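One chain comes next, on its own, written out as structure tokens in the form deposited without its partner chain.
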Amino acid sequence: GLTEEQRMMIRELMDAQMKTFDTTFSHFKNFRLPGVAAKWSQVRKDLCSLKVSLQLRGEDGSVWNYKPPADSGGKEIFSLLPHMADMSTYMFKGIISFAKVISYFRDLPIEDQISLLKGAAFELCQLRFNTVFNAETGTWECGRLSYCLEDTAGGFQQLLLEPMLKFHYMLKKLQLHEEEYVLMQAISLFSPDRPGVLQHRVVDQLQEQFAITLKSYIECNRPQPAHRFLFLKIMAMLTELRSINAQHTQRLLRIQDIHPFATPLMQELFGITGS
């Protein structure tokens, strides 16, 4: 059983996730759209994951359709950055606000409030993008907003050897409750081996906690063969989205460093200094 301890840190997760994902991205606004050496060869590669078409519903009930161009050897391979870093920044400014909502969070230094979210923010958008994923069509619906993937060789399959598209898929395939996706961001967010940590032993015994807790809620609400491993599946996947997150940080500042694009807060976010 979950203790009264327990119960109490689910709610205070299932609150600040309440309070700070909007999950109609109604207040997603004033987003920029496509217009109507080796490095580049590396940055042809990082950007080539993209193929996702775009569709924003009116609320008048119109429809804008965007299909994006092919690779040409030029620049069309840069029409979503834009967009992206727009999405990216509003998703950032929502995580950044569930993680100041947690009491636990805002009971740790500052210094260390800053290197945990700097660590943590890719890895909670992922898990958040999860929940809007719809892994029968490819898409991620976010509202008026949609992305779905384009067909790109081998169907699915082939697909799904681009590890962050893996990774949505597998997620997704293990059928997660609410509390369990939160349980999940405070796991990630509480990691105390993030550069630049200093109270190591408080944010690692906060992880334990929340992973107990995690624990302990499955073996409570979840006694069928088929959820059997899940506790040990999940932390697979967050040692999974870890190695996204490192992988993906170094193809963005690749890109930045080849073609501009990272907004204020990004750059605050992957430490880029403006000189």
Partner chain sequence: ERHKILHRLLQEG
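Between two forms, the rigid core is defined as the largest C-alpha subset superposing within 1.5 Å. Numbering follows the first chain given and starts at 1. First, how it differs from the form deposited with its partner chain bound.
Fit the rigid core and compare the CA positions between these two forms: of 62, 239, 26, 250, just 62 moves by 2 angstroms or more.
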Given for the second form:
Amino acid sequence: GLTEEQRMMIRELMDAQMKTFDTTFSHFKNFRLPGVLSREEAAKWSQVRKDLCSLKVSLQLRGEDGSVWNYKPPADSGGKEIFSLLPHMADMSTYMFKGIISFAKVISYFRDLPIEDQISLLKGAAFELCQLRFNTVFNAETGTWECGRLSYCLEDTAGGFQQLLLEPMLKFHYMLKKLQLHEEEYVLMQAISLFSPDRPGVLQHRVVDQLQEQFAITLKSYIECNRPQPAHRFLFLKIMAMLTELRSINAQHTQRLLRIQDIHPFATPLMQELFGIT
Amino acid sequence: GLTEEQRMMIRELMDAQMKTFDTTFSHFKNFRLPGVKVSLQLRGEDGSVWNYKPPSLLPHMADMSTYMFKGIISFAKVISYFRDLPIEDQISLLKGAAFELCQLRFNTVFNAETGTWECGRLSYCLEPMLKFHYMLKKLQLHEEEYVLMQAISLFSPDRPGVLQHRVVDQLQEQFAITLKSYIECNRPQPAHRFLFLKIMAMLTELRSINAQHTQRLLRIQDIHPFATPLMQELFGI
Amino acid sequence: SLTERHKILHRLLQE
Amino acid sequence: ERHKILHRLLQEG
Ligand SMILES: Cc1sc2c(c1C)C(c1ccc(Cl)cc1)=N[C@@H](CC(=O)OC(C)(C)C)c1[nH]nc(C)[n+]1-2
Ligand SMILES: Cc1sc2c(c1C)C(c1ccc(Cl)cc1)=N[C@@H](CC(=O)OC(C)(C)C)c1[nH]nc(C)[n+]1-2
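What about the form deposited with its partner chain bound, after the form deposited without its partner chain?
And the full complex, kicking off with our chain again.
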């Protein structure tokens, strides 16, 4: 069984999640939407095109009457149009980041850390925790993140499923969903991600490293206690490998975000702080 | 192979169509939108598409119809034979033919393979009205035939309130004779057999569809208000 | 007669 | 001051 120190750890993480994750997105109310009836510089525009072509999503808005507005983005012509979704996604990301900051704030182990390490941990893990929360609303049968009345649908092409697996962020979401994790495993993953001692700017490397290990030990014990099936022999290491992949996707997304921001400013004030944009 | 009077008649009609039919809906603006069974697609210049799937659309359609009606009033005003009529007969003629000329203009953007009226920036995807549209489209009419059908409908002497019946009747006959001559001298392929008489029959069917729609809307407006001020005038509501 | 009941239509025809 | 919004969000209850 789990130790009571461990059962309480999970209880505090789960209460934090319940209080700070708007799973129905019912309080995401104000956001921008794409309009209705709307040398080195050129090399930078080229790379950003290849960044933005990596993830093609359509936006679905479902009304309370059952009607649906579907937005299909334009195909890459010669500029501007490739950015039509960026305001909306900035508002969506900023909304999610506020939720992650609120999650970290209610964790005892986080509040007790020096504030500049709190800031450093959040700047390094914000995208990762948002993606972990996004995985819980990912419908792998429809390739859709179901965000209440909003839905983000992967645009299906000629290659089908195997084409989507070419994008590391997409392969991440499919592979994690297949692990069929419980809410408790998800929230422990978020804690291990948040308390990464190796983020830039963390001074108390040893304290965070020790806390990260206690979350990892609690995750290992939870799996042993509630999933005794020999089918889950390596589940814990499989989760950890997903976290290693999330760090690589985090680095690539940061680099991509920065390039897009250079040629077309979109980041909200909170995003600017999280990503180091002046 | 037309007389100059007839060849001129078609020129004025075709120039009027070109100047008053916003085929792309490029100037349709400030319209109400569903949620803000017809499916609506709104296409931006960038190639982006907003699609509305139904479960509310009536306000939008009233705005779109009124826009089309404005184009049809503008069409009539730029035709010499219409402008020379007493204003009261101009009004009576436009009240009786507005729905018909809009449906004729909508038929020219109708795609019968998809059941979609493709109006540029707007598209409407899917009744005797539907039947009319599929049957008219099958005739593969030219712009010249459509615009003459619009004239024959516009200059209907039997419309309620028309006073100069004979003037309007003699004008209609001259349009109908010009249509007949156009087809004989410009369309010999056997698919277009009896085309003139077939068009004249479609116009009679459009007359009945117009009657049935007016009666429907005169009753619905009592319960659900949607008609724009101009629609209320045109349909006698 | 028709002119006063059709003020908008009359306006659009005149303009 | 580089993290004014983050500081405020962490301070609030
Ligand atoms: C404007 C912004 S802000 C942003 C993104 C964009 C585009 C992108 C993104 C960036 C680069 C490329 Cl090439 C593709 C997407 N991803 C989202 C994740 C998301 O909200 O999308 C899914 C819901 C998972 C589909 C995200 N997380 N954190 C941030 C800061 N962003
Ligand atoms: C609210 C309104 S106002 C209206 C309509 C609706 C719905 C309908 C209509 C009414 C009844 C059904 Cl059974 C179907 C459509 N049609 C339009 C024109 C239209 O949309 O044409 C195509 C369909 C594009 C050819 C039209 N013309 N004049 C009027 C008064 N209306």
